[PDB]
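Let chain A serve as the given structure and place chains B and Y with the ligands on it in line with the hints.
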Amino acid sequence: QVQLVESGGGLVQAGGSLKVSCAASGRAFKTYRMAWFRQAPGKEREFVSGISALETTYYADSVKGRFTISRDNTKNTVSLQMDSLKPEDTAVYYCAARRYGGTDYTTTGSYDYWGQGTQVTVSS
Amino acid sequence: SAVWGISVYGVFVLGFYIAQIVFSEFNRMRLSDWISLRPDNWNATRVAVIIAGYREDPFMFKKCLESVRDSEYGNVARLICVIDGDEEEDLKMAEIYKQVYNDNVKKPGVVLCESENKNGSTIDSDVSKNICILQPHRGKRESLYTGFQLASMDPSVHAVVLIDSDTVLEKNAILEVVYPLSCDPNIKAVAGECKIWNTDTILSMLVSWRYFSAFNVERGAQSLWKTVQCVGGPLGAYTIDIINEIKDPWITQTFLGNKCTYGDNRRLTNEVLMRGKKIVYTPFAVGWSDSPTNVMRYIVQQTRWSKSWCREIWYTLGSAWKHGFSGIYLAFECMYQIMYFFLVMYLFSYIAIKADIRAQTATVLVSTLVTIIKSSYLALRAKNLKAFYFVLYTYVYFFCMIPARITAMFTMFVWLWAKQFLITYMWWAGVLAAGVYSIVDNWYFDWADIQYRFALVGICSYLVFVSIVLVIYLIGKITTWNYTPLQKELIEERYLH
Amino acid sequence: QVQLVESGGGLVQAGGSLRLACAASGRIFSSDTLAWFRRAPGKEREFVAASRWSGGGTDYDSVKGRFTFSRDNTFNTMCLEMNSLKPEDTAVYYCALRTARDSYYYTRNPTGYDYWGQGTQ
Ligand SMILES: O=C(O)[C@H]1O[C@H](OP(=O)(O)OP(=O)(O)OC[C@H]2O[C@@H](n3ccc(=O)[nH]c3=O)[C@H](O)[C@@H]2O)[C@H](O)[C@@H](O)[C@@H]1O
Ligand SMILES: CC(C)CCC[C@@H](C)[C@H]1CC[C@H]2[C@@H]3CC=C4C[C@@H](OC(=O)CCC(=O)O)CC[C@]4(C)[C@H]3CC[C@]12C
Ligand SMILES: [Mn+2]
Ligand SMILES: [Mn+2]
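Residue numbers (the numbering used here), protein chains in the order written: chain A, 1 to 124; chain B, 1 to 497; chain Y, 1 to 121.
The hints are simulated quantities; they were obtained by calculation from the structure and are not laboratory data. Keep in mind that the hints are not guaranteed to be accurate.
[Unchecked claim] Here are some chain B residues the structure puts well away from chain Y; computed CB gaps all over 10 Å: (1) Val76; (2) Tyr101; (3) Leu347; (4) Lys386.
[What the hints assert, rightly or not] The calculated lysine-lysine pairs, modelled on DSSO-like cross-linking and capped at a C-alpha distance of 30 Å, are: (5) B:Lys278 with B:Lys118; (6) B:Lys354 with A:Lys30; (7) A:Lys75 with B:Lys354; (8) B:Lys259 with B:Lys354; (9) B:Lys322 with B:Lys62; (10) B:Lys98 with B:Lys488.
Virtual Cβ for every residue (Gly too), placed ideally from N, Cα, C.
Same shape as in the complex, but just chain A:
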């Protein structure tokens, strides 16, 4: 039972940097796995990155080395730093949180909480 608030987005042109953040309000944020999804043109929510409760990082193949995920349980905030952006990396970003789950962590339906999304655009 954590409320997720987005904070990010900007007028990124090409190859810039933009650190998006999601703040979770709850009680046991340290015992939570936090993932990032994007709803790009074409309504298919794909995996972007994720961090578990023990600081294990998972990244999508297309954005394996471009993005970096981190968490701060003291601030209860998850951060995604974007490097070398691409025109395909334009979408609205959602942060999702879960506590109990199985081997399924990429599917959209494997997370029980969805706060909101922020629009990120790339020009050319």
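Quick look at chains B and Y with the ligands alone, frame taken from chain A:
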């Protein structure tokens, strides 16, 4: 920092055990080399057996007396039995003595160490007849002093054998405990092995293997350098020369301005050590004693032993300079004993405060592996498969020896109960609170993370291993497989009595 | 506690060997001293041999070499083997036990042995 701490703790706990094993093997090799040159029917040392007891079990006291009388040593001066009695309830042991040996129970009205003339001739005339004294109740040190004075008044006595009133000796125990005195002129004390026979309850079953390890490995390592810190109470040989010079300082002992009534044998071996003399340990002199089957009585016993250890470790450290090299090993053992307790306490506190499931699982796995290795060596040495029960002694240590050590330290700096078990209950409550806090703070499930999978699999495997060992112990208990061969026959004779 | 029974009393014409056996009923400790004594017609009890239930077998008196003392704790019995019997060596042989109960001192005095057997030959 968790990996560094766990690796350091593992290397510190092991390694020293391996070195102790190697030293014990070398000591056993030297003892075998000495024994192989012994002539057949060797009785060159004249000894006097001293037994001190206070309200012992009449069955076990008779068994001890018969085991003493059934010894195959050809040079025994006489038997000196001292009872801390003089009251009506204490003639029940004098009757046992008269049943076994003779009607020579002298009943002096004075304690020999509190009289102006402490010579043994004041309460005994003939030195050839076995003697029993019914002395007023003061303590074990006073009865031991009376026995020392009754043994040292015979000019032909060279050594003394000290045993407890519940100790059952083998036929060759006296010979094997008095032989090493004649090998090196600087050896003044010899410690034999003490074996637990009532290994029927789980606590006694674990304490038996703790006794096996603590005597064999540790005392053999100490005896390689001839610096055994403590001579076993149930069985120990002393030279009359060292007795005649350490009996008075040991009986008039005051620590922090008060009399001392514990660590009677630890202090005796200490007094031997601080004069630059040597103490060895022989695995071939075996005597059987029993262990407490109740946790609280065991806790009181360990509190007493920890008080004695806290009192004597400083003298042992300060007396190490007169042994030269191989006295460095004594100081290293003392420092290791000091540091181990704080290492365990700090490790537990750090792991509990930082509720990390990986650190907890890694710590329990490393501890289990270490005790598995130790139990494997114990089984190899004892030629017995029951030595793998020692894997469960970690629970006994954690829940009984730490409270006892803390209680002894607090003592040395309704109320009767609060001076014995309040700290133990506080420790148990703290452990339960730490476990509950960890469980609450780590309440989540995530099978997509391999670290969570590792921690959960490790803890479940450890629990399954503990349950399997417990089930094996229960099966052995039902079929009486856990019973020591002496225990079965003791129960059989007690049934026909 | 201990009952001693002797056996093996035969006739030897000063030219043969003989074996005597002593069987004991009751517990015998390893510190006890078992002895064979001799009593001739018109003669007191003279010592012959003694030993312990463990070993040592000393004090063979003046019959050293001829007589051998061998114990057997498993069967709770012992024996004395006699070789080169002499005409002077005819008498009644006694089996005696001495306990270390009062003292551990060793003596050849017959008064110190509190258990005795019957006659033989
Ligand atoms: O603290 C200690 O020094 C004792 O610790 C344990 O003691 P435990 O096994 O609990 O057994 P106890 O029944 O105390 O046996 C100690 C021996 O000393 C005798 N004793 C005990 C108490 C007393 O006041 N006076 C006395 O002579 C007892 O009869 C017995 O022979 C050891 O078994 C003893 O060998 C050691 O002497
Ligand atoms: C709250 C309830 C439901 C949980 C049960 C309590 C646990 C938190 C306790 C029970 C067993 C305890 C362990 C028992 C034994 C050890 C061995 C100990 O390792 C040693 O130092 C070896 C001691 C030796 O040399 O004998 C370290 C602490 C540890 C892991 C203890 C840590 C805390 C444990 C897991
Ligand atoms: Mn007892
Ligand atoms: Mn005891």
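Results for each hint:
1. With a least beta-carbon separation of about 5 Å from chain Y, B:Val76 fails to lie farther than 10 Å from that chain, contradicting its non-interface assignment.
2. Look at B:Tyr101: its CB is around 5 Å from the nearest CB on chain Y, not clear of 10 Å, so calling it non-interface is violated.
3. Every CB of chain Y is more than 10 Å from the CB of B:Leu347 (nearest about 52 Å), matching its label as outside the interface.
4. Even its closest Cβ contact with chain Y, about 30 Å, leaves B:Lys386 beyond 10 Å, as expected for a residue assigned away from the interface.
5. Of the supplied pair hints, the one linking B:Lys278 and B:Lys118 holds, its CA atoms being roughly 28 Å apart against a limit of 30 Å.
6. The straight-line distance between the Cα atoms of B:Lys354 and A:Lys30 is roughly 13 Å, inside the 30 Å bound, and the hint therefore holds.
7. Of the pairs offered as hints, the one joining A:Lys75 and B:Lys354 holds, with about 18 Å between alpha carbons and a cut-off of 30 Å not exceeded.
8. At most 30 Å may separate the alpha-carbon atoms for a hinted pair to count; B:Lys259 and B:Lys354 exceed this at roughly 45 Å.
9. Between B:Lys322 and B:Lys62, the direct Cα distance comes to roughly 43 Å. Violation of the 30 Å bound is thereby established for this hinted pair.
10. At roughly 27 Å between alpha-carbon atoms, B:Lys98 and B:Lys488 fall within 30 Å of each other, so this suggested pair holds.
In this structure, the hints that do not hold are numbers 1, 2, 8 and 9, in rising order.
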